[PDB]
Amino acid sequence: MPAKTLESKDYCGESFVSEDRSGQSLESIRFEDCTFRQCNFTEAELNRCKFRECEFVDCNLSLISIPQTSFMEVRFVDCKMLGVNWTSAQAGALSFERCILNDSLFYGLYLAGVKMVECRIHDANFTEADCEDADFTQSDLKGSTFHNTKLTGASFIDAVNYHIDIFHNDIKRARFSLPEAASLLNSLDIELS
Amino acid sequence: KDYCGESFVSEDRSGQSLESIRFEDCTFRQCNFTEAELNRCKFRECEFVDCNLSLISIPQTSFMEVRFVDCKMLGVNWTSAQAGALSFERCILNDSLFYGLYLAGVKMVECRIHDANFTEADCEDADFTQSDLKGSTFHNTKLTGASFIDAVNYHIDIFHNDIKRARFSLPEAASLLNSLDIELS
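Line by line, the protein sequences are chains B and A.
All the letters of the first sequence, read from the start, carry residue numbers 1 to 90, 97 to 199 under the entry's author numbering.
All the letters of the second sequence, read from the start, carry residue numbers 9 to 90, 97 to 199 under the entry's author numbering.
It should be emphasised that the hints constitute simulated quantities derived from the structure, not laboratory data.
Any given hint could turn out to be false.
As the list claims (entries may be wrong) - Residues of chain A clear of chain B, computed beta-carbon distances all greater than 12 angstroms: (1) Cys12; (2) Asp20; (3) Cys34; (4) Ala97; (5) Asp136; (6) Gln144; (7) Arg179; (8) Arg181.
Stated by the list, open to error - Here are some chain A residues pointing at chain B (derived, C-beta under 7 angstroms): (9) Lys178; (10) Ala180; (11) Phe182; (12) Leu184; (13) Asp195; (14) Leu198.
Said to hold, decoys possible - For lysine-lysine, the following DSSO-like pairs were computed, each having C-alpha atoms within a straight-line distance of at most 27 angstroms: (15) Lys148/A / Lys178/B; (16) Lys178/A / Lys178/B; (17) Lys80/B / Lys50/B; (18) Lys178/A / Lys148/B.
By construction, the Cβ of each residue, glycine as well, lies at the ideal position given by its N, Cα and C atoms.
This is chain B alone, in the form it adopts within the complex:
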C-alpha cells in the first residue's frame, strides 16, 4: 500500500513507520529530528538530502544511492545496508548499531569518530578513509579493505576478521584485543611458535 507523498523539502520531528520507499527518488530533502521505523529504502536515491539528528530503526537501506547526501548525528540500528556507495556523501557523528554494511564503499570518506558497533562488515572498502577514533567494538570485518586508512585511536576491541597491513595504515594508539591482535603481524611474512 503506497506511502504518503513527500511533498516538502523540510521535515522536522516527524516519525516514519513501516513505509516502503524502494525505488523512490528524494530530491534535496532535509530531515531534522526524524525517526524511521521498519521503513524500506532498497535502491532509493537520496540525492543531495540532508539528515540531522535522525534515527533509522529496522530499516532496509540496501543499494540505496546517497550522492552528495549528508548524515550528521544519525544513528542506524539493526539496519541492513549492503553495497552502498558512501564515497560522495558527508558523514559526521554517525553511529551504526548491529547493521550489515557488507560491500559498502567508503573510499576517501571522512569518518573520524564513526561508531560501527556489532556490525557485519564483509568486503567493505575503507581505502584512504579517515577513521580516527572510530569504534569497531565487536564488529566482523571479514575481507574488508584497509589501505591508507587512518586508524589512529580507533577501537578494535573484540572486533574480528580485520586485516590491517601495519605499514600502510596508521594504528597509533589504536585499542586491540588478544588473541585477535596477532593478525597485525601477518603484514610481516614471519613464522610463529
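Place chain A on chain B using the hints.
Using the frame of chain B, we list chain A on its own:
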C-alpha cells in the same frame, strides 16, 4: 708468524699485542686473551673453546669460519672486523659492538647478549636460537629470515628493522607489537 693446524692449550696472552699473525686450522682451549690486541691478524677455520676474550681489541682483523664455544667475549668492538661464517655458541657477548657489521648467517646460539649493539648490521638468516638479547640494540638491522626461536628479551621495532620471513616463538614474539603504539587487552 704463520700457524697451521695447531692446538693451543691454556696459553695466556692477556694485555699483549700480537702483530700480523695468521692462524689457519687452529684450536684454542682455555686460553686467556683478556684485553689483548690483534693488529692485522687473521683467522681461518679456527675454533675457540672455553677461552676468555673479554675486551680484546681486533683492529683491522679478519675471521672466516671461526667457531667460539663457551667463551667470555665481553665488550668486544667488532665494528672494524672482517667476518664470514662466524659462530658463537654458549658465549657471553655482553656490551659488544657489531655496528654496521656484515653478519649474514652468523650463529649466536644459546648466548648471553645483553646490551650489544647491532645497529646498521646485516643479520640476514642470523640464528639467535636460545639467546638472551636483553637490552641489545636493533636499529636499521637487517633481520630478514633470521631465527629468534626460543630467544628472550629482544626488543625489535618492526618499523625500523626488517624481519620479513624471520621466525619467532610465542609468547616472546608478542613484544613485536610494541613497535606499534597500541593498547592491548
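Hints that the structure is at odds with (numbers, increasing): Failing hints, ascending: 7 and 8.
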